[PDB]
Amino acid sequence: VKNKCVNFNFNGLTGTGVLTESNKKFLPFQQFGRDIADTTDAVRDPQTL
Amino acid sequence: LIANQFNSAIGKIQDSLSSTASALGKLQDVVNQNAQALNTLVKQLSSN
Ligand SMILES: *[C@@H]1O[C@H](CO)[C@@H](O)[C@H](O)[C@H]1NC(C)=O
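Protein chains in written order, with the authors' numbering: chain C, 534 to 582; chain A, 922 to 969.
These aren't lab readings, by the way, just hints derived from the structure by calculation.
Among the hints, erroneous ones may be present.
Claimed, not checked - Computed far set for chain C versus chain A, every beta-carbon distance over 12 Å:
| # | residue |
| --- | --- |
| 1 | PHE541 |
| 2 | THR547 |
| 3 | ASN556 |
| 4 | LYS558 |
| 5 | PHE565 |
| 6 | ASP568 |
| 7 | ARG577 |
| 8 | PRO579 |
| 9 | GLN580 |
| 10 | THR581 |
Claimed, not checked - Selected chain C positions facing chain A (Cβ under 10 Å, derived; list incomplete):
| # | residue |
| --- | --- |
| 11 | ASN544 |
| 12 | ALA570 |
| 13 | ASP574 |
| 14 | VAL576 |
Just so you know, even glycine gets a beta-carbon here, dropped at the ideal spot from N, CA and C.
All chains, full assembly: derive it from the sequences and hints.
Pasting the structure below:
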C-alpha cells in the first residue's frame, strides 16, 4: 500500500509511517538508506527494486 | 561635514557586514548550540 500509515516490514526491518516513491538514486548494491540521526528514511522494495 | 562622516560611516557597516561571516558570532552560536543538543538528544536513542 502507499500513502497510509502502516506497520511496514522490510526483510525483517520494521517501522511505522507513510511510504511514497522516493527520488533518491541508490547504487544497485545499496540496500536501504538512513538519515543524519541514523534513522531509517529510505527503503528499496526487495521485490520491486 | 558631519553628514558625510555619518553617511560614509554607514557604508562601512554594509561591507563590515557583507563579507566578515564572523560578525554574527553570537546569534549563529545560539542556533548552533540548540541544534547540537537535539542531535545529542536524538542520538541517545540508539543506545542500549
Ligand atoms: C521476483 O522478483 C524479481 C525482482 O524483483 C521480479 O523481476 C520477478 O518477476 C519476481 N517474481 C515474479 C513472479 O514476479
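Hints, one by one, checked against the model:
1. Once the 12 Å rule is applied to beta carbons, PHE541 of chain C is consistent with being away from chain A; the minimum gap is 19 Å.
2. With a cut of 12 Å on Cβ distances, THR547 of chain C stays outside the contact zone with chain A, its closest approach being about 15 Å.
3. Taking the minimum C-beta to C-beta distance to chain A, about 24 Å, the non-interface status of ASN556 of chain C holds against the 12 Å cut.
4. In this structure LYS558 of chain C is separated from chain A by more than 12 Å, as the shortest Cβ-Cβ distance comes to about 26 Å.
5. At roughly 16 Å from the closest C-beta of chain A, the C-beta of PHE565 of chain C stays outside 12 Å, upholding its exclusion from the interface.
6. At roughly 9 Å, the least C-beta separation between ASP568 of chain C and chain A is not larger than 12 Å, which violates its mark as non-interface.
7. Chain A leaves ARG577 of chain C outside its interface by the beta-carbon criterion, the shortest separation being 22 Å against a cut-off of 12 Å.
8. With a least beta-carbon separation of about 24 Å from chain A, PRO579 of chain C lies farther than 12 Å from that chain, consistent with its non-interface assignment.
9. Against the 12 Å criterion, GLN580 of chain C stays outside the reach of chain A, whose nearest CB is about 29 Å from its own CB.
10. Distance to chain A confirms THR581 of chain C as a non-interface residue, since its nearest Cβ pair spans about 29 Å, more than 12 Å.
11. With 10 Å as the threshold, the beta carbon of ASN544 of chain C stays out of range of chain A, its nearest partner Cβ sitting at about 20 Å, so the hint is violated.
12. At a threshold of 10 Å, the smallest CB-CB gap from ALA570 of chain C to chain A is about 5 Å, leaving the interface hint in force.
13. Hint on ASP574 of chain C is violated. Least Cβ distance to chain A is approximately 13 Å, over the 10 Å limit.
14. Residue-level restraint check for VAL576 of chain C is violated (minimum Cβ-Cβ distance to chain A is 19 Å; threshold 10 Å).
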